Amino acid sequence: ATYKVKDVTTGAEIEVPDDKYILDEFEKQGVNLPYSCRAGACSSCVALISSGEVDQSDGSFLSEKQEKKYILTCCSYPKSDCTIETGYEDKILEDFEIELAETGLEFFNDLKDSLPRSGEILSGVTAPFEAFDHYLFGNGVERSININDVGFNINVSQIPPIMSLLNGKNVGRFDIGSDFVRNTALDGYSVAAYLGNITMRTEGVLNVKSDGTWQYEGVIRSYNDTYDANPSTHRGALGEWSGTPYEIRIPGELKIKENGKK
């Protein structure tokens, strides 16, 4: 047989026969699709499949659960009419990410009939689903969440302006006041999945002694997150599982106090 496989990404619509790989056939009819290993052992050629099915048993990199929504194009034979989305490597979810997504949606549905779509976002495990629902249905209304409710786990070792002094023959008392970017994946997938990269500010004093002991004390504050979950973002990846961008105000001050030895 020969089933039609459409690609959202390139727009193409190739007739691909059940005995041939999706990548190869696309390449034959002139469509350049991404790849690297060509041996079923990475994710360079991964696509989302949103309808139809395939035989990718020839590949191994994807977990059992990944394979429900993701295919490896360099090892995939269609078994039906397929719509897919190539170029998905940079949006793919890891197993532990998919588990959190699956569980958090289940819990979100448990409160999705009385969502305010304004004010405070509810913290924790439902936040990513709440922030995304607001993206679709909130018509750009500002939202907020206190910096102490987000669930940040921030260490000195993760703050560049502090560490550029701390890794260096620097001794004495240093006042530090600077913006830095926080990739909230450091704080675990449930914060990342709605905050992504966010600009923060730390103000405090670092003491470094000749003996190598140091201590730091100060605070952290956050600028507003710009929430955009369009089709090319990680947040959009969790969504596909149009809107309007919006701000998340993150008021308050987080306190920071640590010490160590070089």
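Here, rigid core means the biggest group of C-alpha atoms that superpose within 1.5 Å across both forms. Numbering follows the first chain given and starts at 1. Compared with the form deposited in another entry:
- When both forms sit on the same rigid core, the CA shifts between these two forms reach 2 angstroms or more only at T103 out of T103, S178, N153, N183.
- Core-superposed comparison between these two forms: the CA of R249 stays below a 2 Å shift.
- When two forms of a protein are overlaid on their rigid core, residues whose CA moves 2 Å or more are considered shifted, and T126 is not one of them between these two forms.
- Relative to the superposed core, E27 undergoes a Cα shift of 2 Å or more between these two forms.
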Second form
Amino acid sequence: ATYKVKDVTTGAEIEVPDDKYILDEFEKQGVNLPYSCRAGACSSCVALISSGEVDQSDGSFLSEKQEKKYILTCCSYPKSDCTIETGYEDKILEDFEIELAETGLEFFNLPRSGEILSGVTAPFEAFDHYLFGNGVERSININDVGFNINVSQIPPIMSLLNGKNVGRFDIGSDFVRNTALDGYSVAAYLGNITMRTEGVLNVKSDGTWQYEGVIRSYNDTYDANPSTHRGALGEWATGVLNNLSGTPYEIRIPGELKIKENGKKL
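What would you give as the form deposited in another entry, now that the form deposited in one PDB entry is on the page?
Just the single chain follows, nothing else.
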């Protein structure tokens, strides 16, 4: 039989006999491709295979898991129509990194889009999205993050409560939230964010006070590259980033958190 082998890199579509190697037949039709050994023992001729199947049993360089994703074009016979991407030598991954992507898809899943699942997996999902999400925006409602914000932690409010100010004050101010205050799980994907509180603070002459309002969040940019933030990644995440490049992305945090507190200054 013969099969059609479409190559996304060059655009060529070549009929390749099931008893001829893909490289040789593309060359025969005038499409020059990369190679070195031509003997199955290197990655010069490697191509991504996105659809179809080959017999590349003549080659030796790729692992069993790598052969699910890539082909050595010098020693591959097509067994069905195929879609490949030549010149992929610069982009092939080793087993531990192919399986990291697969696992994340299956564990968290359109995939790697929209809402982030609330709870203990959030910083894991966020890191996986950094690695494999290609910069697509994600979201989590402010009420699903697990913020634990109190007035003592909001300097625009405390500035009025700490001075001798009596009356009714309309507060509308941004402030930086170090989400370490909200727990390691949140800090591990949000870090420092900018938030906004809007509300009313009422302070009596005797020091009794009440605050009522809302808190909203501006969008945050997720970027795990260590030079862009405060946190230790740890040895495992450092390792992953020594082998894969991620893509920053925006996290949209919509909604209002209600805040209502009261006290008495002495």
